[PDB]
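Only one chain is given next, in structure tokens, and it is the form deposited in one PDB entry.
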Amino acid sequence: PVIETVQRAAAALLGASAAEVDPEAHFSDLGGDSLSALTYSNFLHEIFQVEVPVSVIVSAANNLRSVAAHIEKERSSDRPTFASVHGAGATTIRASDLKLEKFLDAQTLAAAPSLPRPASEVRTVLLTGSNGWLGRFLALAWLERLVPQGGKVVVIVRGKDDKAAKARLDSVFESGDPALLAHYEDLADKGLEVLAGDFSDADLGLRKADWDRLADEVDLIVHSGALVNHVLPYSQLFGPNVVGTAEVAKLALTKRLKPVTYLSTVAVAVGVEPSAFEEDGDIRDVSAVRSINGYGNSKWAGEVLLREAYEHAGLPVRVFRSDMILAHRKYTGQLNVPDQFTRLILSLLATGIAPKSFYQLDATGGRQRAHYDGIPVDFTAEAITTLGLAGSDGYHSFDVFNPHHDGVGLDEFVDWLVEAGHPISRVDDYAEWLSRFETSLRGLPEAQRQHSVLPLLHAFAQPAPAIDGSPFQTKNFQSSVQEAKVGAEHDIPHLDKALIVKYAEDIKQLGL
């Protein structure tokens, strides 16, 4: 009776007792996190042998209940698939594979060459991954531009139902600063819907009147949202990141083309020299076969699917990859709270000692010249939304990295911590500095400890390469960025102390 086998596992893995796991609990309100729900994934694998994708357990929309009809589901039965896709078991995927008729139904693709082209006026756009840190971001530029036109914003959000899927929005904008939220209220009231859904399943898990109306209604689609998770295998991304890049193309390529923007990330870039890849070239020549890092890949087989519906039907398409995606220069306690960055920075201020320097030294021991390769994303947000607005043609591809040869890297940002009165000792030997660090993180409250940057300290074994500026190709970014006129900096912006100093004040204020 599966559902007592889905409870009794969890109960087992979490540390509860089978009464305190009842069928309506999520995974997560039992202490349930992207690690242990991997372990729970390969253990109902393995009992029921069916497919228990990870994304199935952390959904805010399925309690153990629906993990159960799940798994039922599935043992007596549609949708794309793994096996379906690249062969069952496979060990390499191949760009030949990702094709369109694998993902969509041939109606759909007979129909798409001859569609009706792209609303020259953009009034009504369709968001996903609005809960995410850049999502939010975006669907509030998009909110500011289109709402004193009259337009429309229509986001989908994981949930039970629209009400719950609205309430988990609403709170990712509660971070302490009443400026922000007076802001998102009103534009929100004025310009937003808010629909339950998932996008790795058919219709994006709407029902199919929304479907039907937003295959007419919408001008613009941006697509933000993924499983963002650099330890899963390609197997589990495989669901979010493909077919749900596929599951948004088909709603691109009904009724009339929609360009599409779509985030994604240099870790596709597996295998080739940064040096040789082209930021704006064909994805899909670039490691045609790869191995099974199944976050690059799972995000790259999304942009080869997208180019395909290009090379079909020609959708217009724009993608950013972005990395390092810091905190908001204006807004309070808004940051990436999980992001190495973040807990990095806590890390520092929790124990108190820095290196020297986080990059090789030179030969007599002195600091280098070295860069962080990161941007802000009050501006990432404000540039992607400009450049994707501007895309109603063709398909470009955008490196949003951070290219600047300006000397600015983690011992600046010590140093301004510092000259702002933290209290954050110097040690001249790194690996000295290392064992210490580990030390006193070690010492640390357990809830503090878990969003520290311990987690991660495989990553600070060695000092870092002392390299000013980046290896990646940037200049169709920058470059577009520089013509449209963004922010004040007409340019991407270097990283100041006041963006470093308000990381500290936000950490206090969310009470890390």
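Rigid core (definition): largest C-alpha set, two forms, superposition within 1.5 Å. Numbering follows the first chain given and starts at 1. What changes on going to the form deposited in another entry:
Core superposition between these two forms leaves every listed residue (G394, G365, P116, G281) with a C-alpha shift below 2 angstroms except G365. Once the rigid core is used as the reference frame, the Cα position of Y430 differs between these two forms by 2 Å or more. Core-superposed comparison between these two forms: the C-alpha position of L441 differs by no less than 2 Å. Core-superposed comparison between these two forms: the Cα of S171 travels less than 2 Å.
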Second form
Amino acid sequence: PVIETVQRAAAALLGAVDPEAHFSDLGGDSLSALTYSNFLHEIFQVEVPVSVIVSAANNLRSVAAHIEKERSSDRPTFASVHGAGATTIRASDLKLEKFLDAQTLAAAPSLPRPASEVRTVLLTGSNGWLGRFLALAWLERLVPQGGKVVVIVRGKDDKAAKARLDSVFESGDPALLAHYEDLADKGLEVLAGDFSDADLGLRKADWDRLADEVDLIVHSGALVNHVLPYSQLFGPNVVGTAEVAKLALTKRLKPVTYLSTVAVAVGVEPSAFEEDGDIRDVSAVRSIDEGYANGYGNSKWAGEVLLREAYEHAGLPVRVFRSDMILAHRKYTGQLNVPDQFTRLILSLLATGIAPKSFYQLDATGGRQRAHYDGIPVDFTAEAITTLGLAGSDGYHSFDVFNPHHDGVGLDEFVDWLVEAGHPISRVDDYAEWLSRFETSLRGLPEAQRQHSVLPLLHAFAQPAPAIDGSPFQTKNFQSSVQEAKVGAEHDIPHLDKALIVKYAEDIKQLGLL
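The block above covers the form deposited in one PDB entry; next, return the form deposited in another entry.
Shown below: the chain alone.
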């Protein structure tokens, strides 16, 4: 019986279990979920994706049910789109005929054009890091106009989904909580769902209603994971983007804001990475391999291609925003992206108390060189994306949301600033000696701190990074649009400063991550 194998495999893996238990409640995470996924895949000879195992809507019973369903026999797959066993993927593989039904595609070019006034916005990924502040930014604009923000969140039912979303605004900041509750009760609608499933995992009546009522879609949701392979991210990030596009191409046209990533530039020559070019020409072929964030980069690229196809077929207006590292909120306390690579690094440096002399390549004489960290704080990013996205009722344009300043503000300045603020971090001169001692210290930390540390991403720091000031990639469409729209206090992309970095240490203490 399938549930028995599911139970026993979980017990053996995690050192324990009830069929109503959730994998994460038993000590599971996204990486032990990969081990679990591969184990069950080999036993039952069916796909058992990580997403099925880790979804907040699913328990072990749900995993067993998924296996039973697959064993007795229609969604797009890696195999049906790219060909089974393929180690390279092409933009030409990703055609809309393989994701959307013929009737939707035939009717799409003649659909009514976008509404002149945006009153209702559908937002994906709202309980995520960036999405929560995109939700807030839309609520601030729309509530005073009698408008609505609808949000799809994973959960067992609408009540559980709402609870998950509410909890991300509880971080020890009274002003944040008050502001959220004020706006949410007036303008927020929360639906349990899943954008990798048909009809976005919704009740049919809700999906039909959204096809009629929604004026604009903000697609911020994705499985953001730097270790998982492309096959595991295909469902949430590629099929998911196609499901969002389907809604945008039903009943009437709905402009789409799509979140992407600097990782789509991997494998492309910086001079050839055209910020506002056609992504199908810029990156026509990509390889699947063991490189850092390869699967993630590929998955987000694939979504861009599909949306570009949707624009060319139906004139669907799209704005893509390729993010760098989206850093902490500069006002709201306890608000930082806890699982991101940067937060993990800062936490690890504070916890271990040791940093290298430089994170970057030394010069010929062994001296520290000028370097830049490609990061933008979320409060700026959320305002920029919302403003520029609202202006995107026509055409297709892309933005590189990277920090282009040749300001010499990088990881070594951040360590200096933490030391000047009173945090004991000693400098180890040899990078390879630091990296070795850093790893040892990390393994000696208590389990909670070690899991929150940079340990599972340490392979990104195998070599010192190149000493680059500014960004290698084009940023001029983003920078100039941000200057013209006069965004924030800067009327420009911000510089990262001492206040922001010291706030990381304060937020880490406030959340009890230590």
